[PDB]
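Asker: Residues per chain are reported as follows:
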Amino acid sequence: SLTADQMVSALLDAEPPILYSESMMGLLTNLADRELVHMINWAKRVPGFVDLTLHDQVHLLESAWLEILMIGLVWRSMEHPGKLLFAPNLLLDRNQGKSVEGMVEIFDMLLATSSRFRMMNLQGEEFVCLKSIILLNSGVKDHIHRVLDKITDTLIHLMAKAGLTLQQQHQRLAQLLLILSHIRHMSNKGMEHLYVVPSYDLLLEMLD
Amino acid sequence: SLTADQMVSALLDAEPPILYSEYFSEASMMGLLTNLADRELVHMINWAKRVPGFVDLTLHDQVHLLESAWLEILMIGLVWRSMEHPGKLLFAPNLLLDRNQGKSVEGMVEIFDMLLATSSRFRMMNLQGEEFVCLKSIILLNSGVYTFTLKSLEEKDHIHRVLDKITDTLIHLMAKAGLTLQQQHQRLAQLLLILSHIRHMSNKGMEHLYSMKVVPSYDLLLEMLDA
Ligand SMILES: CN(C)CCOc1ccc([C@@H]2c3ccc(O)cc3CC3(CC3)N2C(=O)c2ccccc2)cc1
Ligand SMILES: CN(C)CCOc1ccc([C@@H]2c3ccc(O)cc3CC3(CC3)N2C(=O)c2ccccc2)cc1
Numbered sequence: 001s002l003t004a005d006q007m008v009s010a011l012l013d014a015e016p017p018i019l020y021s022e023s024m025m026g027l028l029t030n031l032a033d034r035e036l037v038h039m040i041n042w043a044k045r046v047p048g049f050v051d052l053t054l055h056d057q058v059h060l061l062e063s064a065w066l067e068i069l070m071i072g073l074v075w076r077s078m079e080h081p082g083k084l085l086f087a088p089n090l091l092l093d094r095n096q097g098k099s100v101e102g103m104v105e106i107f108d109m110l111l112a113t114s115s116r117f118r119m120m121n122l123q124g125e126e127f128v129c130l131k132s133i134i135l136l137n138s139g140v141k142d143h144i145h146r147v148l149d150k151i152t153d154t155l156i157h158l159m160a161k162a163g164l165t166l167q168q169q170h171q172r173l174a175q176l177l178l179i180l181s182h183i184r185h186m187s188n189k190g191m192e193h194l195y196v197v198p199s200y201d202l203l204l205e206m207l208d
Numbered sequence: 001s002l003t004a005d006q007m008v009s010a011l012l013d014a015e016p017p018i019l020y021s022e023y024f025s026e027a028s029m030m031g032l033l034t035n036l037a038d039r040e041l042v043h044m045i046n047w048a049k050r051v052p053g054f055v056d057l058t059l060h061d062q063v064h065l066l067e068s069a070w071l072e073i074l075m076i077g078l079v080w081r082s083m084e085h086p087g088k089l090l091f092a093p094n095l096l097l098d099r100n101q102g103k104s105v106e107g108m109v110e111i112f113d114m115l116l117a118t119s120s121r122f123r124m125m126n127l128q129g130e131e132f133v134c135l136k137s138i139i140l141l142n143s144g145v146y147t148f149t150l151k152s153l154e155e156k157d158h159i160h161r162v163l164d165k166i167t168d169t170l171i172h173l174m175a176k177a178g179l180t181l182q183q184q185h186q187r188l189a190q191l192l193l194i195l196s197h198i199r200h201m202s203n204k205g206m207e208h209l210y211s212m213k214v215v216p217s218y219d220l221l222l223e224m225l226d227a
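Each protein sequence line maps, in turn, to chains A and B. Heads up, the first sequence is in the working numbering, so the first residue is 1 and it goes up one at a time. Heads up, the second sequence is in the working numbering, so the first residue is 1 and it goes up one at a time.
One chain only, chain A, in its complex shape:
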């Protein structure tokens, strides 16, 4: 029932805080573990999410959690070319990733996504819609699609309010959604590198 402006306001308010770092992999694992709690707090404030069953809420988070960690990292790193801002006290370039096998490949995918965000001048209002789509789309039922349809309407609203023509609205919408396919691919490659997954019980306890 929310309007597009009210949808945007809710998602912006819900944004998780930036956490700080507490052997490089140990710091990153500890950081991701602490970020998960705040992610679940964010998810509960995504309009429509808590109308789902608790079993379905966990399934969506089980499928989306790493994608959400990555798009958050990519957003944070967007104005630091060639570097990944894991935390304000953990800025790493790709040279540091060469120690572990298979790290630099995922590092490079994340950097290229950050460069893409930079070239499209992605705005914060668009970013929080994108993150909400990952949450609802990744594990997907009728309720989920009309929440997804509402987020789509909100993105179209933001682009028209920004002055884009109808054609540019369609084109930018498509461009943003095609990036989500690459984020899923990065998440899959990231899962493989990590093989680690938050248990159903752990996610359930965090929700309630």
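Be careful, since some hints might not be right.
Said to hold, decoys possible - Just a few of them, taken from the derived set where beta-carbon distance is under 8 Å, the chain A residues facing chain B: (1) 167; (2) 173; (3) 180.
Rather than coming from a laboratory, the hints here were simulated on the basis of the structure. All C-beta atoms in this analysis are idealised placements derived from N, C-alpha and C, irrespective of residue type, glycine included.
Fit chain B with the ligands to the supplied structure of chain A, relying on the hints for placement.
Answerer: Only chain B with the ligands this time, still in chain A's reference frame:
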């Protein structure tokens, strides 16, 4: 340069044929599927060369895009062929498999279930042939663009122009079908979100192929593209 009408027409004429298996036992099934996929790959090359704008790229970039997209294109073709056969995967007209036939190999049933679910999603959306060939062209151009110099920049800018062109073509098809603007935007998003699941399936399918101990080599794809 093409209109949306002309883009649909070109993609429709570029469609590869539906191929058959040999004219049954679970033991021989992997060999049959591997042979079918190997033959389909040859036709997928010639389809790709006919997707508007693809042959404007360098041959190295064409190989990279196909190397990144080939399994996704095989899977979405399988999902399309199966869309009118609930509960079954139509690998070929004479090779129609159900879930129970997919439990012989470990890990096969998980991917089989995912492919069936996508087929059911296509069915629920009443996906049209004209929208399908657009989605397949998007997979080819989008899947490898984020993993590629001045030449690379011009190539990526070209790809995004062609992808913009296909987006307009999808919108035009939806408007021609009488959808409101809101329904056009919502169906466009619904279509492109399915692409994320198709990438997920192909990642899971690629893992399963490496567990048998596999992929079209660079030389092989180059050899086919470079006529
Ligand atoms: C959850 N527990 C149960 C198990 C741990 O899973 C995790 C999850 C995330 C991480 C880490 C991390 C931390 C914070 C962040 O905001 C984002 C990321 C992203 C990234 C890509 C995935 N990562 C890496 O180190 C990395 C690897 C290879 C290339 C580049 C980066 C580490 C471990
Ligand atoms: C190319 N050579 C060099 C290497 C072999 O690569 C391949 C590639 C594809 C295939 C096959 C196949 C054939 C035709 C088709 O149209 C589609 C598919 C799809 C599918 C999912 C991927 N597959 C499977 O068997 C399968 C596995 C688990 C669940 C369901 C299906 C087999 C081998």
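Asker: All hints are to be evaluated individually against the structure, with a verdict given for each.
Answerer: Now for the hints, and whether the structure bears them out:
Of the supplied interface hints, the one on residue 167 of chain A holds, with its beta-carbon coming within about 7 Å of a beta-carbon of chain B, less than 8 Å. Proximity of residue 173 of chain A to chain B holds as hinted, the smallest CB-CB distance being about 7 Å (cut-off 8 Å). Taking 8 Å as the C-beta contact cut-off toward chain B, the hint placing residue 180 of chain A at the interface holds, the least distance being around 5 Å.
When held up to the earlier numbered hints, the structure conflicts with none and fits them all.
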